[PDB]
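Complex shown without one protein chain; remaining protein chains in place.
The chains carry the letters A and B, assigned in the order they are written, with residues numbered from 1 in each.
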Amino acid sequence: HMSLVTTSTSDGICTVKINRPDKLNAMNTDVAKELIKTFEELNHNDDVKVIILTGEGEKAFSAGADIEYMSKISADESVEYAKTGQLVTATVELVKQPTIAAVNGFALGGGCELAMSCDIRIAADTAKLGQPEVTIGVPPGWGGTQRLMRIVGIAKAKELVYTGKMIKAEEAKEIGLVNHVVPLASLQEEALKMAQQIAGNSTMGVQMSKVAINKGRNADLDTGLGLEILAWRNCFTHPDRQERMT
Amino acid sequence: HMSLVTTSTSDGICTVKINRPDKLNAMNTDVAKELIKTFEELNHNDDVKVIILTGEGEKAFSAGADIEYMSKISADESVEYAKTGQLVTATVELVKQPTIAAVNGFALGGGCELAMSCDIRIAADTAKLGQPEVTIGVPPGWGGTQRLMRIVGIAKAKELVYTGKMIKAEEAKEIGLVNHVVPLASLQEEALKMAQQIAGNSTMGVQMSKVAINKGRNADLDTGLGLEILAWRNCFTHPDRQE
Partner (left out) sequence: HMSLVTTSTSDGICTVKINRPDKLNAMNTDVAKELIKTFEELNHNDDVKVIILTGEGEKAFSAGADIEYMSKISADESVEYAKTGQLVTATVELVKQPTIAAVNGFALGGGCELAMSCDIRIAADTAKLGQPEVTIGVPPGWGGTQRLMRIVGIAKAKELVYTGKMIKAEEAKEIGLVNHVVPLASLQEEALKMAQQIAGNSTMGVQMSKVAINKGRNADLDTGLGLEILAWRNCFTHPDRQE
């Protein structure tokens, strides 16, 4: 169902738009499977620097909460969705290439947990955000409880989880979730401002840094420096360290 | 020396008030044990689905650093005033049911740590927070420093820990010290607007996230994915999933 084009300065920006408008980008197993293949075949591709994560068309980014609901099973098979859900939520946040959740339209349900998987959660001002997983009696399982609370904090993380109501993109700008609130079709052009300003930088000083921030939150301050100095030492062994010193 | 009222749609939400009005609902030895006994020692019943908390009177919530000066004892007699409040701040936030903090005017000193021992803090335009215990030679109460830095952050906590600054309640929302801001007169009804919404959704949908949320705030992220999976699996073993 996925789509992709590869074009930028020196050939390529990995535009990924989940294309299945009938169910409004609902996150099933297949829409969770092909993401791995399209993001792990992209793992060893040296011709793509920056990745933008957007939704197809003009309807929504992902609306799998109140649209995709077939979970009438025993609880044993629920873990298989939990294991598969965690196989997709973190594999986007662990791709070395900087990925941006270029959110447009509705981004609740799976998209509520998928949007928080990128680096900068820049979203369309049309985005109505929320986590309507609790309204059916089940807390989010793909990582919406232990990843959100480290982004906006804990004072506000309770409000959008305990309640289960939809909030706007402008309202989300006061909590630190969305790092920039900007229009949707400009977000197509305005992301390219930030999708090649990133590319205009080095090729190793960005992804190697991504190995330090994405793993320094799980360790204390002293151990956090323990990973950063080697990364400072590792990027110190690149031809890009001395090329741009002019 | 207190009171509690429980009623909601299907009789789910509760309301507890510190009904000691004479000294403005301060925190001391005799009241702290009441708060730990009233919430019933780490757990509550199934009939109650949410516990709203505020201060009776429409005046200050708690003047815990203005008239409470029972602190002339030996250094071996301070554990009972330090550990008990930690126990007081241990299971107010960790009870197996959501708690909403209807902040109500003053929260100076020990009263603030009780407020920080709550989930959601619906504020009002009359509050005057602050922890001016450092001005007397002692850190804030019963876990102010560690909790506050986890809510607001590492930058804006030192500015309140070191100073004991006054600050208003409109700029308290500027730092994330509270969650929602509404007029004081409508605060009682506005707090109900959230409680009935937290009551009408589900029970297992919150209690299996309340346990998950209140355990992963300290450890790593992969460990944070540990309890959630077992909690998520546990929440599919109830008919509420099919409802």
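As a working rule, a contact is a pair of C-beta atoms (placed from the backbone, for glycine too) under 8 Å apart; a residue touches a chain by one contact, two chains touch by 3 or more.
Interface note for the absent chain: among B:5, B:70 or B:79, the touching residue is B:79. Although one chain is not drawn, the whole complex shows that of B:42, B:67 or B:138 it is B:138 that touches it. Set against the missing chain, the residues B:42, B:67, B:185 or B:219 yield one that touches it, B:219. For chain A, the residues touching the chain absent from view are 98, 116, 119-121, 150-153, 176-177, 179-180, 194, 197-198, 201-202, 204-206, 208-210, 212-213, 216-217, 220-222, 224-225, 228-229, 231-233, 235-238, 240-245.
Residues of chain B in contact with the chain left out of this view: 71-72, 75, 78-79, 82-83, 86, 133-139, 143-147, 149-150, 153-159, 161-165, 175, 217-219.
Note that only the chains that are shown with their structure count from here on.
Between chain A and chain B the centroid-to-centroid distance comes to 32 Å (mean Cα coordinates, whole Å).
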